[PDB]
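Encoded as structure tokens, the following chain is the form solved without this ligand, with no partner shown.
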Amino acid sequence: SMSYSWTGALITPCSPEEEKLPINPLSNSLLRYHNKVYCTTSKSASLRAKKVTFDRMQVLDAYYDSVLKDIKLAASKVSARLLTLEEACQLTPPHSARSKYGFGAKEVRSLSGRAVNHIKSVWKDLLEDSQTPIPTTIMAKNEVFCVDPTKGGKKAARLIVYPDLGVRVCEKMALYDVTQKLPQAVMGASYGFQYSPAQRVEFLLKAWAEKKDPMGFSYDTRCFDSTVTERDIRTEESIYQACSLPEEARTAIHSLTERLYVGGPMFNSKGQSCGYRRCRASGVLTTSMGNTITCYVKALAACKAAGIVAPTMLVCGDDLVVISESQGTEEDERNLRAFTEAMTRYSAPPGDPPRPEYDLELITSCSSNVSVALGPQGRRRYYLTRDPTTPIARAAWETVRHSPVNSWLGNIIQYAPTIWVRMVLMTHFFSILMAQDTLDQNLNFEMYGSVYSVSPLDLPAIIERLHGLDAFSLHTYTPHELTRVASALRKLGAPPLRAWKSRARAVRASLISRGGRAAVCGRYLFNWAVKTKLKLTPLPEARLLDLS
């Protein structure tokens, strides 16, 4: 019923937090310097807590029961195995929060005796005790954004709840294989985390075109993790148990569910008792899978209850998109309210009220949207994009405060064909790499389910294999996309696109001077910056393949 209960103890930081940069070397232009970027910190943790703390009223119906039955049948078609202790240790990222038991990721990844022995006792404890709640640590996330004076004030920090390192390894042993198969088995094409950008585009276009008169909407649940009830979480376990799993995993899964996922005591960085959770914990292995499947179920039952006609959905955690047959604007608005009302009954209230959309380009799925531009031959070419405000804000921050994993490399790769990646991010970072003389240096970034290491000097081949040769020749972007990029640059206080184009020439010229891979980067990545474009022929792209 109540998402959380608090003792009064504060949510404390573990290190001194920085909220603003001393200098922003991206939003600077000879005579115009700005710094509108910020990082969330502990100071806003109490605000967040108040936002996410409320009573959940949940009431199901025949629509829900029916859909859940279908999903459990689908789940019985899956088989999963226990992960080996070694396999689980090997899946532990390099710098994940150390344990309070005398070891860190380093020791787990190398299987040191202390870590291994501890994990074995934890796992054993899961098999014996299925009741005792596992303590969790709660902390405020430090994420970078750009002030948006019109939409509102600075965002409050997100809260992150997670168990000790030893428990996190045991989660993988029991549910990792499941997290890799279950969502697709029960959702099929609707499971969003299975598509590369080109496929996501193909999916959205295909969904929009199959309707005689399309209408779509992206649902946004207000504090989704906070809306999922204990009932929802136990139901998720029955869905897992529907699978074909070894008795030992079933035991651990039930324990993990009753002692962790369902809820439990939270402590701050100081060890003080902070409160009690009765909703989704943000830092557990099953959060992405649990949210996705629970959102799909509620969403599918909602569509039926509301009478949504021929719905095709795409789910990405708590982000949901529905494309169906339009019934006329009047009827579509009535159907959406009905949908929203049902979602609310299922305890999945909306943040921003949903509204019908009749232009595919304006529908945001998994944070992105489809747009179009012209290829070298002049034909239409579709690609995935998104609002660049946050992505660039973080690129600026990561320019000054160098982090272990870079978000900018990831955005460049995932959004290579976008005009904001080509004219801003690429021009900026290649200029910064040559300034520091670190072009061939490998960097780490994230696409989820991993951290990848790559050299900027290999970007052109990576981009061709991922998006094709057209990624270097798109032109004539839509007025909606150009406007959005321009708005983003204004809010950031960065120079306009035409200025980046001036700079791109010098970057391109410098790269070509260095010859080698750098020269390729210059000719391919900046062919847009010159009037007399070069040829551009296939590269040794046919020598790689990605997982994410």
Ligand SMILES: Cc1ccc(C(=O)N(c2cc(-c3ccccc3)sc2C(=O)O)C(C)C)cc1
Given for the second form:
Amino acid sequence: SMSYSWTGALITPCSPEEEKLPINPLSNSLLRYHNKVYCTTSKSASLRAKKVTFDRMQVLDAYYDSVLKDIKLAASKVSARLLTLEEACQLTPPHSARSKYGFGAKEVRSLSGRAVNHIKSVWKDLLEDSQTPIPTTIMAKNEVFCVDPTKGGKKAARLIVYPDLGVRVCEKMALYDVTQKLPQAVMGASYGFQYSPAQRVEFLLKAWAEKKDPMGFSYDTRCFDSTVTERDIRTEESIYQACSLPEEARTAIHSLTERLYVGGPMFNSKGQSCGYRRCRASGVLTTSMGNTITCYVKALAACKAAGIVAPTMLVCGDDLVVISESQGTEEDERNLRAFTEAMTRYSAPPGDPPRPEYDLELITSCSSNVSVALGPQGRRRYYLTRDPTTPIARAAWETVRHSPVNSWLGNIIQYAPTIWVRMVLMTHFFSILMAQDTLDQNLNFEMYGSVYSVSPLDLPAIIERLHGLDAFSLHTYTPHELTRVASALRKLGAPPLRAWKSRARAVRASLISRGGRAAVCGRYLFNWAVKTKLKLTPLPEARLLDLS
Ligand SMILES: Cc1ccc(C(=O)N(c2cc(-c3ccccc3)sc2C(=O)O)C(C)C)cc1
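Now show me the form solved in complex with this ligand; what you just gave was the form solved without this ligand.
What follows is the entire complex, opening with the chain shown before.
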């Protein structure tokens, strides 16, 4: 019942890794300069391994049995199809890790003979063999964060476990359609990845308002992936099998479950046997759907066992938020402890113990929270925000190491109406773009399930369509939000908001001097930086539509 077994071999890197950066341009200020940012590397891999390696004690009950029955009934309402080899190859991202069999993403997408023939043999093998464990590679993820003294030492690198490219294409042929339909079918509104920022805000406000006396809480499972058992994974397969699927897919799904999802041998970058996994692999197609559904099942059963009154849940993988009817502060705490005890028995122990919350602004769901500000007519306007420490630390890093994929562009788009995106990120990046003279150059940013490409000059139209014109007129932010943003800049050692405000005026003027689309960006995105506001009318943005 151990999540992992290790041989002793180390988790090794592929290319040299840099954890501490040279110079920082964001936390830049004539007499004030700092660099309190870092990147996780292979060096902390052993520490992470220790943390995620433990025995899982799982014991189910009637509450769990009941919920699982309901979910399988809901799943039987779903029909899914196999993807063709061509479709599977086309869904393969352009730079996904190459195969050890002489081909890479490029060849998969161009349907080269070598790649196609290999994938076909892998598929045939899945239909013929439902037992032989499929090997996986384990690597330490390189992610950037800001040092946070008060909250303890630096984070250890997360561990990524994934199978060969050939197997990944096959997972899509067999389960991609299911991943796109199943979660919403069994969870409905509770499925978190179906909402745009404005939609998520609407869901939370509605949920909170429908309670006579609301009480909410976020549950943080300690290393969720490591807590899911072989039995949990086989149960996920039974849920998949409850759907209406072609026999060929059923065969492939069973094989993938027994040979890959339920666990298997892991090798490091050097090819050395590193260990055996008996929990969720982070790099397989079903990770998101599996975590989401399994978290939901355990959480719903735990709500019933704990006596949670009228729970409204929002699930994003291992991220869970429960809003219900308060039974009084003392009883709420008692019910939460009961919920936690139930979750623990289901093998979903808490990292940070949950606590009842009676202020919606303080409830974090899917890494975000709802806040409020005033619109142009003075009425309350709700929007989605989040602690800006990590996104700014990564924006500051991606400025000295402008990687192929940006995270700042994504944050600017998803959190466009926030004060930290408007005062800090937009000011900074439009300044960098003009300095580099690459304003019209298209860039690749990362939304969660799909990498996209966009031109910075298209931001105002994109933002209007995504958040409405209010995104350019929001004012009178809450003191909690102002305080949190100021704390982030302090932790990053970057100039404070009052200084960014001075800078935004200069950036705005520069954009307007360039005329054209750049001028539109200046007038719309920085109308907040001048006392005499501009009218700002609807833009021809009613010519776009996004997926994520
Ligand atoms: C993105 C954006 C930035 C500023 C404003 C704004 O109009 N103000 C504000 C200035 C602030 C400020 C200035 C310096 C340091 C910290 C905060 S906070 C604030 C507000 O309306 O909430 C006025 C009180 C002058 C509206 C939107």
